[PDB]
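Before any comments, here is the structure.
A single protein chain has been removed from this complex, and every other one stays in its place.
Chain nomenclature is as follows: A, B and C, assigned in order of appearance, with residue numbering initiated at 1 for each chain independently.
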């Protein structure tokens, strides 16, 4: 019934998103629905806003297409080849295609009574979809304040793609928080170009390889908890559990049963053979290390028919390990949710169908680590000279940084105001 | 295409020039062209102004002729047997035939678009062509300022031809400079009546003998660098390299492979067997001695097909000699130019054809020497009485000298403002 | 979209910029096949421009003497030899209007305009005085647009008592005027290759020019057409230009080798990753091993093991850790792009902002203050305005970089 709206701004997002409605092939929301909004109310009553700043990556849908097309009209596009100077795409250009996107949205986010929701598929570190969304939201939050916002922002990859890239995050977060977003799932490409190279073999992890995998996880969240069924959830009730303080805390993600096809799935993994790898480092998203941090939550998400009586069997075994450890102000437990719906895999794209899907969500005060090191490859140059003059000769600033480095600093600050002491 | 105009005033010039278009028999610019201007644009689109003040020496062309005739009309002529009192030919008489010459020129220098150039074949030390050209230029410079001017002025010969001769140069240079001419190649007959007697045997070096040799050199300059081909040059770009300061510096000339016919050419001289004699005193023009003077340039001109890789072979060997030495404010190097075109010799007139022609151009601060001694055989008499009353009783003066002795003095003055110190 | 408006001016500039379009081999039909034809329709967007009549040489000769012919610039009869004042104050300010009339009736052409990569060789006023003018003339008109230039620096060898005091009055703005980004060759380095490494008992311009083109193309069309992912002509100027007064790129091919049974690692895949990163194979010749590079772009050519390339490219990035500024988090990025040239089976393409080019600067700097100031020879320009300075405020600029550059070279 009540549909949350989604908007993927920027190649990294468009490409991701693009490979999600491909994963969102899980049931009814495919056949003769093209322009057939009618029927049931969910999966998208017309399974939607694609706004890129590079009319092309976002053109492998309509003009030339790309195996498919939802609704030629919901994919805003410009001409300005790109940007890549945050300001250059957040101000200058942005300011141009932000009222066709904000108009479109409203003229979508305002269809069929009762809104509630906005899943913004992001990706930061490259203007357009790094600087233009910094605005999108500043806008939405201005006209949907009572509505919540999620964002699967793709974190940069230590394989370091671009300089001037590190610094975007900072002049980005600084306002792409309080001024919006209650939750946000950091991805960190580094992760996958590592996992989709280990747990999934693959030599040179192509973007799609990495999309057919950041795309699965997204289902095992949004989708995983966004179609009634049995045990359920509400977007409103997504933070209440996962979100400690308004300081938008970034919950860490972790998928566990990942098996290619060329290797042995082992017939199956006990409903617990999984929920431990699910606790294995290399099976997370943000390449963190909650090995030094008191969870402020933690809540499993099993998928594809499972009987509780067997779940706790590991929620136990684990418990028996002196490690883990929570904080205080939180009942050092879980919130485990089970889905009977089977884990949807695609043709060579997802690689092997599982019997049991498992992907939990915990916000350990340790993400702060792999989350401030990104503040080093910044306090580094961007404090001692750096490419600062482009974020000027293409827009305003000269403290567009600094000014926006404290709150994005006060983060690892806050992340200790919940970890250094018994309060 | 773009042709520079040439005007030879004065027997010494007429005779020279007369034997140059004879040397300028180097290719197409001979057959049925008589009054056939058509075809290719060079060597003279009608291979031209001959203005002498003695209707006769300049009459061995048309009336009686002399083995040939370019264009009966371009050889202005008077009646006034001669003159020889600078004023007597620069003022008095000159003032008469200077508007048939300046008219003819303009009505030549203004044919076929794009001018640029004036090669004034001279010869100073004897009015008419010593005093009438002092005016020609004073005129041209008045109606072609934007155009450049070269002048192969033949320097007097210590075998001293005429008194009152020494002193012309002085009341001549004084204004036949700044007020015209960017470059000027001093010949100094002394030279040849010596070289065309040594390296060319010959007992009593007849004017033609001396013309069939000042004539060759001129080709290996003007011609040598005035018909595209391969490596090239532009008149505008003749001083840029050869001309230090506006103080019209007189570049010193030097031809190297000189062999009669009656003696052994030695089959050939290594392309370097030459470029050293080319650095032997006796093979120069002005009987100077750059043995005491920091070159401000120096640029070789090889002719008749040569491969660079062998040239520097001597430009090297030489370099290895502590001597030579440049100034400072100039990259103590060269500007070497090679011509594939073979060295054109004439029937007994040029004496033997070479395999490799070589003639460089350097302006050593030592020409000043053989160039101010000519100021002695003047400060001598022309300061203590001298024939000064003719340059009066045949025109104005009484300081036509002196007044015009300082700047022609300031010369060996300047020639040290580029040689006494490290500036 | 990367509509690139290729500019090519000056005699001894067209000659190179010409046989470049000889290197851009894909002709006029008859051929990834998912082409990225940047610039203009199927006729070189090129806009040749000469002061004299050099727009013909081999320009309109044996190679491809059809560069949109009915547009070429000459004006018809002129001059401008080796006088900067000329072709930037005089016999050219005539032409400008002509050009800045045909580039516009060319630039526009619907599709978003990339910028203008202007070719030419610093220090020769014909098209290195006309062009350096075009820039300041294309600039302050097309601010937004990014400008490029493949300027050629006069080999320290020294042609002309003027092929030197020339350009030093260019890098007096060819770095404060439109030129947000500009690669740079040094004829010195070019002789030296056809000598100090490659063979050739002498380098015919038909030699000391080859690399000049198989190096531009090796940075041009690539980072342009399909290959691995993509690239345009501007995100560059933002990852390769840490500062305003920017820095000149020090390009550098690699598989130059020489004839012979080229078994010198016989183009080993890791060879490209060495056959390149050295002054023995750099087009500016300036001991890179001097100061670190503020950044560096690579462009591996000729389909081969992309693994080895990141395994090798980081290698040296992990090797001479003494030459990578180290205050610019990941001062390098590779690029692999399929379809190879016409004789290597593999080939790279250096493009680094190495503070070593400093040399190839303080050169055309200790000749002016050491000549055109040590006394004179300038009394050849004043003819065309240029009175007094304009050679000192110009010396109080390009001479600066010494200091500027020396501030991170460290």
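Heads up, the rule we're going with is that contacts are C-beta pairs under 8 Å (C-beta built on N, C-alpha and C of every residue); 3 or more make two chains touch, one makes a residue touch a chain.
> Given the contact definition stated above, which residue among B:42, B:115, B:259 or B:386 touches the chain not shown here?
Going through B:42, B:115, B:259 or B:386 one by one, B:386 is the residue touching the chain not shown.
> Could you tell me which of B:107, B:146, B:204 or B:321 touches the chain that is not displayed?
B:204
> Could you tell me which of B:6, B:18, B:84 or B:222 touches the chain that is not displayed?
Missing-chain contact among the listed residues: B:84.
> With the missing chain put back, one of B:139, B:377 or B:413 would touch it. Which one?
B:377
> So which bits of subunit B touch the chain we can't see?
55-56, 79-82, 84-85, 160-164, 166, 203-204, 376-378, 380-381, 384-387, 389-390, 393
Everything below uses one rule, namely that only the chains that are shown with their structure count from here on.
> Could you tell me the distance, in whole angstrom, between the mean C-alpha positions of subunit A and subunit B?
The computed centroid separation for subunit A versus subunit B comes out at 86 Å.
> Could you tell me which residues belong to subunit C and also touch two or more other chains?
As it turns out, subunit C has no residue touching two or more other chains.
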